[PDB]
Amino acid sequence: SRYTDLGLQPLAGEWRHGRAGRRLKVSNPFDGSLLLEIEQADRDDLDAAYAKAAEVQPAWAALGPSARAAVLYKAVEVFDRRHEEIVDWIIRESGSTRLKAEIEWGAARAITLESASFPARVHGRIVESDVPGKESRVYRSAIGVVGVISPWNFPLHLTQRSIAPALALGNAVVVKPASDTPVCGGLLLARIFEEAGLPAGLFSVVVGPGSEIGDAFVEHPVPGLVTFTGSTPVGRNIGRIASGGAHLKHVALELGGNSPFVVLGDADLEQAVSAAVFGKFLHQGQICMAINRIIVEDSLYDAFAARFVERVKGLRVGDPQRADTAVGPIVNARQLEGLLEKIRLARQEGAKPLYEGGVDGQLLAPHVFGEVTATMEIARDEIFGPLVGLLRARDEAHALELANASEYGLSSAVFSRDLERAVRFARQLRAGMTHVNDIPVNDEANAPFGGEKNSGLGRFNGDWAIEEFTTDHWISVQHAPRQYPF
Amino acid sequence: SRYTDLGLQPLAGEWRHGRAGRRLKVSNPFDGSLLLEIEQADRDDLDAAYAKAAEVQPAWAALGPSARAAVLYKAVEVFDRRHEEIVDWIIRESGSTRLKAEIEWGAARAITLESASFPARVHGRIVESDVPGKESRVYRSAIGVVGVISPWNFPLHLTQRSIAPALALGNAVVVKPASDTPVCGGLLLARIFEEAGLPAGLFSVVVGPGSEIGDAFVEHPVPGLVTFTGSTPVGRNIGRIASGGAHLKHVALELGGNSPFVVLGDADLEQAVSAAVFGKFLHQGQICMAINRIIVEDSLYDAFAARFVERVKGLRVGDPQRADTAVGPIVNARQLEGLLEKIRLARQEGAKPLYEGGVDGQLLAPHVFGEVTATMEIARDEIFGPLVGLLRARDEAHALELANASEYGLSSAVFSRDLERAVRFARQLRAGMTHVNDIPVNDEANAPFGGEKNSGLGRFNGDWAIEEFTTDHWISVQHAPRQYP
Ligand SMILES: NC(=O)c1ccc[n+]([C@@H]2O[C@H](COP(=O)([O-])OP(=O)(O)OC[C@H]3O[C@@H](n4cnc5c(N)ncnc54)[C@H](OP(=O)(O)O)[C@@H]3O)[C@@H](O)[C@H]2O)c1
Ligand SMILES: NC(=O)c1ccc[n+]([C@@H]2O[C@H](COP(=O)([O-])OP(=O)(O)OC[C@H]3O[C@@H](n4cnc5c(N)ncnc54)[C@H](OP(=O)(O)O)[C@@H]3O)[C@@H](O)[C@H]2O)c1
């Protein structure tokens, strides 16, 4: 029995329509078929969602660790039971290929399972003090209410990466998902957590335009933390509100980044090309960790830029429901326009085209470019699409200066048969994550996930998640009269 | 022999005059006498300090932990050798009581000593991976260049609390001190670290008007991290630039907090009143931790008030250089004017005046108001002064609502003889730190230090300092080829 009545949004403990009087139509990117229609959430709905989350969170925190962990374990069972249902929703709503939808399902399933162990793992500290009679204590407790903003690209995994740890550690959450993917934005995650036995009021979804309710979501005096994943222009506005607005709160910001792919002269050129193809065209380039630009040492550029285009030509563009589809449709119209503008600017700027696939409706084929410079737009800005530019490098020093020439280092990759040469290069990269002899699209559950420069505030996953979604309360207890100088 | 030529600032590896063309006069708040004159730094000076710091930092980080720790240990020796000179500087520049200046010297010494252990403690992680043939490495490294903005109230301690951990962990630091206290704002510390053997260009001090160069200081692309301790309006502007600016960097914020001091009915009255007097009137009230609200259960309220007022009358407002003096001059006239307005506003609000002390030049005697309510400005806003309001609570539950009814919660105190009830109450407090049967003003090098709500972003000291001033880099190495679908 598949979930029905998806349009109703969990709001302050009950499933009801929003009161904005405005409707959001959720459509399939591939064919345009309407999937459902949602009565959008109000500013009063948001205040109610937060207030109820505050009211029922202490009861959730007061539950013992096994009780909260049981909900997370039960959530894993549902993930298995509704596996095709979950994957099919990812495909139809976000326009993900079937094979990406399976990868996203497994990533979200893994962080849920990983989060289940967190109630047993978190602990406080007992500290020795010089003051006679003074005992110093630190309690580790849940923040309270976590507001979570979710992007369209990987809407399920990226929402679940915040709320699954946050809920396990005794927080309550309010999710504001992307308007293009409100269902895989935690509307379904809310349904899954309800099935898992999550008490009502701890998980609320507010569906509305981030340009209209977003400021109120981050400004709100209730949430102690706001996590975000998306664009740098919006992440900047979110940070400026949360760190400069009326009510201050922490922020975890994962801005998009500009993953460089560095192929040094002594690289295994087959491995490099295969990694470059998969690490670019998984999800049609719509990944924050997708490689943005490929930088090959000159003594190997032509070999790479030739085997690269060979294999790019062999990627099947088409219907995402098929397991053999590599490239599916682009998520919406404006995003497709922005990538066609980028292709036109790459010609305007002199980049030699090596392959122009077509554009068939919402299906945009790969568009490879070579002889690219660091100042070209296709190299400097983040492309959430099947666009790639190839950059020629002389010395490895030039590979390193080219790779660091981006303002946001999130992830990166460097290829060389000499592992020590590759690690020293990777230590020189101003990015939070580098993968040697592998793709930059990686996210293991015990591994720190976050950015540096203009793409990152904070770290997720594992012990980094336990620290992110809790707070430390220093409590000193004086067991004897302290003598004061006046 | 004592430090001379203290107006020269360390910019880009050289001690030189600022290029701004405006001269800054540093004057004793108590008498108005001039300590020294500084040629202020312009934006070109700021660019040079950041650029040199980024240039010399990798060689500093490349050095072993013992070498960097050795500089921290030698700096502790300078702290002991120049102890009286440091305390004298704090008294004259900042208007501090000698007793507070000794406290600040001790706290700054401890942070410097504690940081010396940090280079040995930093470590990376090796993590198991499901992907076959893949080894996952997490490298902990220095951030790079750290920008530090220091307030005037505890300039030497609050600068060193960021400076000493960052330097020990391999970072380079650029410090913008409060214009009222540039010498104890890091000019003194830069001399101390130079004497300790810190290489040139690793530590720069930029002295300029906050309205003139402050935005450029936070805006700059070089610093990986910016730390601020000070007022909430300025912290909001710093947070708005760093989180929202063209170049994005982490910010650690310490913003002034209305700190609740709660006296429950069973509390030992002598201890509470003594803690309230010392907690409030240490350094004339100009502490982030200092009490802003005293909340007492109604049963004990009237008894607490009389003891507090009677004790406050005892405190001597006087020349800060004397050991016996408890209340000293307000740091500057602009600070004094606002406190006088807050006093007058509190009468307009309808608070009963329990004690009204004189104002004589910069010295402002204690002012105590009673029957305060939460909506009043004296309770609502933090006051960096010898001003306190007393609030009446019907029961323990009402006291909890009063204590938590604050936009910002840095520190708190709860007094009750029953420790379980006090700790239970303490957990409910919306603060980073709570002290049970003790003053709210407490800083411990091992203990975490920071604020909640509109009072703080980030934590300081101990393992928190190690996390704050280092960045983790996840590097995964493929030893066997991995298949791609
Ligand atoms: N993971 C990543 O790094 C990542 C992810 C997605 C996109 N991007 C980049 O961003 C671009 C796409 O931009 P976009 O138009 O889709 O927006 P976006 O920044 O991708 O939006 C992400 C989320 O933020 C919301 N949002 C938008 N304005 C907001 C505001 N003022 N306050 C709060 N939330 C707000 C959106 O909700 P509404 O839809 O209701 O506004 C959405 O749920 C692409 O160029 C791509 O490269 C990066
Ligand atoms: N300052 C505090 O620690 C504090 C704490 C609690 C309450 N208050 C309240 O706030 C008032 C006093 O505040 P204040 O203005 O004297 O202290 P402040 O300016 O907040 O001092 C903090 C530091 O920030 C600098 N600064 C100012 N504008 C800046 C900017 N745009 N960017 C970067 N740095 C900037 C200041 O340098 P300059 O000195 O060169 O301007 C100073 O070194 C009083 O009403 C008091 O009750 C203050």
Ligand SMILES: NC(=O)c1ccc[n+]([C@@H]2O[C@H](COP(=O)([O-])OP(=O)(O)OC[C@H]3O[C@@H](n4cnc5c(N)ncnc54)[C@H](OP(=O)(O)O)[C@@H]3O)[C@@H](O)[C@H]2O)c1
The other form holds:
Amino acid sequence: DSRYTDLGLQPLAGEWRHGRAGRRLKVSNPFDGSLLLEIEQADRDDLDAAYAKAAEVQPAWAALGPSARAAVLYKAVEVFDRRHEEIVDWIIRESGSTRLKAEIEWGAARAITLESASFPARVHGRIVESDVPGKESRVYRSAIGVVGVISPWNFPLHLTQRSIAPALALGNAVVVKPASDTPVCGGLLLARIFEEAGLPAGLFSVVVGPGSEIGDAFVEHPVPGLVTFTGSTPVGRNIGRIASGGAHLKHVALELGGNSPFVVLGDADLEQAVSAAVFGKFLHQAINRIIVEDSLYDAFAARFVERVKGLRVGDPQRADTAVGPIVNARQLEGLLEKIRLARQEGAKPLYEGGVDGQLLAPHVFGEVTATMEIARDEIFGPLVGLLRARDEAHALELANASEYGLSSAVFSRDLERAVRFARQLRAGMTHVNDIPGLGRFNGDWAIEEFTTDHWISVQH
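Now that you have shown the form deposited with the ligand bound, what about the form solved without the ligand?
So it's only the chain below, everything else dropped.
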């Protein structure tokens, strides 16, 4: 039917209204610079109201039967399907993501939502044995209460929904703080979807405000039982201190992005390794460093560069666009700085595409070493370094030098060797020989995350 309108309105304490901060925020398309919409920012009082209301209405939401809460999640899946193109179109225009990656982001969010609908049925308390005669110990598993979610600019919709959908399903309320560049895909859109899906008012608020005023207060506030953030390391690190530093001590769930290594061993299928690297780094769902055994390195570099030159940079609305615009000026300036820093540190430039406004074309460097910043620090854009490895042991040392490892990959025709190498990696996941709810986030992970246990021992 009709596409959502008045997206500038904020869901605050059960009502859709303007924020009272007295300042306007412009939301712009990174590609052509066009004005998408304008938002009246929210002040600190707006934040307090949203947390209070979430706390007030949450018990009644938790009191509902599991099927009732699941009905909302199923209904949200249904809205995802009806507003497919509308959702994808918002992700492209606001975040600057290509249509290919927006479609993937749509699918991921829908899948999380469908998975979460089954979670209420799976929540289970425990009855425990006791040595004391006449004593029964019962453990009740209940919702935490209110969860505060901080959204990134990178994959706002999918990464927001990854916390939002399970938290809500398991009987919590949520308040979300999106990135200033991506308020709509930061949970304003998600809030509209959950409302049409029959979520009671007040359970989901979104606070869009100046980070100077509302920033630290979001974390420090006494109401939230848990604060979740997935994204940048410096941002996450700050969230860490504010949590510990504050008068109240808050549980925080931090998933911090890292430089993730892609390792190609000597016996690897070359063509398959090259395709997987290109899909991983540029086409995307990450990969920030590619390490190749010396015997394969020269041939890998040549073929990789050849494919990367073929990658189409342009308007993200097109289905054939591989590389689109960087989301904002700050991120762009950072990537341009990393390019110049790479040059001074003596990395060999293999391919350098032209920067055209927010469109940063692929940049590939070679002869990289573990100490260079391009190896050490995380990259959020089309810049990647190629490392030479002397042997398997050297490849392992290079891969583990990153220290912080969210993901990894290893390529080798010998599966036994690949798996044995993978096990020595200091990373949470490794993908072996990957050709282009089941995996990663799981119901058991979510239930533990967004519930708490109360041990109640009863003496007869």
